[PDB]
Amino acid sequence: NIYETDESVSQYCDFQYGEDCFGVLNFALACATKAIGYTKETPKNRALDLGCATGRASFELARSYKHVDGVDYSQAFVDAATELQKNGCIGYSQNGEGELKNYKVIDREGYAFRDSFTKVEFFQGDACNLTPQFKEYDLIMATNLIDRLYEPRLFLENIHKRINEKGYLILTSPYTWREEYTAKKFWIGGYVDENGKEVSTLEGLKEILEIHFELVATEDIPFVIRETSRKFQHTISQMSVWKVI
Amino acid sequence: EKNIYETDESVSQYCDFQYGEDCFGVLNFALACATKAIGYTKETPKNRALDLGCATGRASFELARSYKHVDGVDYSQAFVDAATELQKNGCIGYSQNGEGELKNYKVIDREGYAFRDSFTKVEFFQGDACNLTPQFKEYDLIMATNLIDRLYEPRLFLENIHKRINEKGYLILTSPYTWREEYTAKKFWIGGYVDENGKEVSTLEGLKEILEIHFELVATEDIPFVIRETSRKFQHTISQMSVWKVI
Ligand SMILES: Nc1ncnc2c1ncn2[C@@H]1O[C@H](CSCC[C@H](N)C(=O)O)[C@@H](O)[C@H]1O
Ligand SMILES: Nc1ncnc2c1ncn2[C@@H]1O[C@H](CSCC[C@H](N)C(=O)O)[C@@H](O)[C@H]1O
Ligand SMILES: N[C@@H](Cc1nc[nH]c1S)C(=O)O
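Read top to bottom, the protein sequences are chains B and A. For reference, each letter of the first sequence is one residue, going 7 to 251 in the deposited numbering. For reference, each letter of the second sequence is one residue, going 5 to 251 in the deposited numbering.
Derived from the structure by calculation, the hints contain no laboratory data. Each residue gets a CB set at the ideal place from its N, CA and C atoms; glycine is no exception. It is possible that part of the hints are untrue.
Once the Cα atoms are required to be at most 25 Å apart in a straight line, the calculated DSS-like pairs of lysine-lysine come out as [to be verified]:
(1) B:107 / A:191
(2) B:40 / B:141
(3) B:107 / A:40
(4) A:190 / B:237
(5) B:172 / B:46
(6) A:6 / B:107
(7) B:203 / A:110
(8) B:237 / A:203
(9) B:237 / A:92
(10) B:191 / A:107
(11) B:107 / A:110
(12) B:203 / A:107
(13) A:50 / A:6
(14) A:203 / B:212
(15) A:212 / B:237
(16) A:237 / B:40
(17) B:212 / A:110
(18) A:237 / B:190
(19) B:203 / A:237
(20) B:237 / A:6
(21) B:237 / A:191
(22) B:110 / A:212
Per the computed footprint, the stretches of chain A lying under chain B, defined by three or more beta-carbons under 8 Å from a beta-carbon of chain B, are [what the hints assert, rightly or not]:
(23) 109-122
(24) 196-203
(25) 236-243
Looking at chain B on its own, in the form it has when it is part of the complex:
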């Protein structure tokens, strides 16, 4: 009897574990791979995948880190990651034409990360109010999270407390700020300030983070999300890499 995910969870199962579309590398694999590259001078004892959704990037980080915590606001996402981790498979509904669907099974043993999955622990939790035990990380990776937060500065201005000195914070975002998710006054960029000048999100990130971090690198990373049998979202996130001073 395979655990079956709902429609919201199915979308992220498809995104994180489905076959690559339009020749684009799997996003979680691309992000975890780069993070491992950028943190090559760290001991790689502890990583945090914050906003881990159905957990693919946590599994991928665990191939290099001794221990990886994956945390997500959504209990349903965490349940799906945990079921794949413990029982080895989960089922989901891939979007098709109209209301039509294609049922798919994700088999843990079909991925290279099968050699490391016991090094991950998944938790429900909130990036803006993490419990104190989530600390002493060599790496905190938060991919496509900041423009889903109502007040992203609440996460960003405190996160240095959970990272070891010379450890890394790695963010990605396509900077698609929207009032449905984030109050305009809390957008990190993508707005015209009171003086008429355009504020870029990377500039806003520097202003928040350069108190405790140095900006080491930026890189563009595409991803593709399936909406129907024929319609897809093709987006380019910017990765920014920050080293604790």
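Using the hints, position chain A with the ligands against chain B.
Coordinates of chain A with the ligands only, in the frame set by chain B:
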């Protein structure tokens, strides 16, 4: 207001899609469709063509390079105004979206495109594909790209359109079949649904059931297109073209 296609944001989105730069190696969709349509209709007289759901008018201008007269019809007055402004004033401006609320101003210059040799052969009209006025008839080609999945009742259009096409003329549809209740009540979707007997209905099959009364299906092909939303976010979609010859 209520119609998303009447908003300035949709006008700017379709200006960029129809007249702007290619993305991800995907060629301009209006030109691809018009070029393929001219190929499929090579043996017809090429006197009159209708571009139904023409949005900001690019495919109408491109059809007019080969047809003696082209009518572009859209339900959105804002789209019709934009196409007419480009046609008559020779330029229109629009906004590209960046991060968040940021925008960049761009200009479309009529004289920068090859279709500039034919733009007086187009007439643009506001109109309803599901209930066209009688004067829109006697077409050698009717091309309706990405239209059917935005119609309130697609059968009003599909069951009647053969009456507006000359004998041996063509109807050429494209659609990605993005059926949504915001555009079309589910009872009127041509496909993408499970019927009352539990069978899955594909849109192309639903199209065959309706159109094979008066048409022969001549060809299908897949055509990708890309719509920029922001400088970092895009729709990337595979439309299905179907080519129908009136019997
Ligand atoms: N306050 C919060 N704390 C933690 N996770 C949150 C959160 N608000 C949203 N999330 C989660 O963050 C994710 C945003 S979507 C990005 C998911 C994944 N990291 C990827 O890059 O594809 C979702 O899984 C969402 O449930
Ligand atoms: N009943 C109707 N009659 C005419 N046009 C309609 C319509 N319902 C929707 N439309 C138009 O159909 C278009 C859908 S998007 C497709 C636009 C263009 N043909 C392209 O291929 O890119 C919009 O321009 C919309 O205004
Ligand atoms: N998403 C675009 C393109 C489109 N047209 C028809 N279907 C689809 S998707 C729109 O809604 O106009």
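Results for each hint:
| no. | hint | in the structure |
| --- | --- | --- |
| 1 | B:107 / A:191 | holds, 18 Å |
| 2 | B:40 / B:141 | holds, 22 Å |
| 3 | B:107 / A:40 | violated, 31 Å |
| 4 | A:190 / B:237 | holds, 19 Å |
| 5 | B:172 / B:46 | holds, 11 Å |
| 6 | A:6 / B:107 | violated, 30 Å |
| 7 | B:203 / A:110 | holds, 19 Å |
| 8 | B:237 / A:203 | holds, 23 Å |
| 9 | B:237 / A:92 | violated, 35 Å |
| 10 | B:191 / A:107 | holds, 18 Å |
| 11 | B:107 / A:110 | violated, 40 Å |
| 12 | B:203 / A:107 | holds, 12 Å |
| 13 | A:50 / A:6 | violated, 37 Å |
| 14 | A:203 / B:212 | violated, 55 Å |
| 15 | A:212 / B:237 | holds, 22 Å |
| 16 | A:237 / B:40 | holds, 21 Å |
| 17 | B:212 / A:110 | violated, 30 Å |
| 18 | A:237 / B:190 | holds, 19 Å |
| 19 | B:203 / A:237 | holds, 23 Å |
| 20 | B:237 / A:6 | holds, 24 Å |
| 21 | B:237 / A:191 | holds, 22 Å |
| 22 | B:110 / A:212 | violated, 29 Å |
| 23 | 109-122 | violated (count 0) |
| 24 | 196-203 | holds (count 3) |
| 25 | 236-243 | holds (count 8) |
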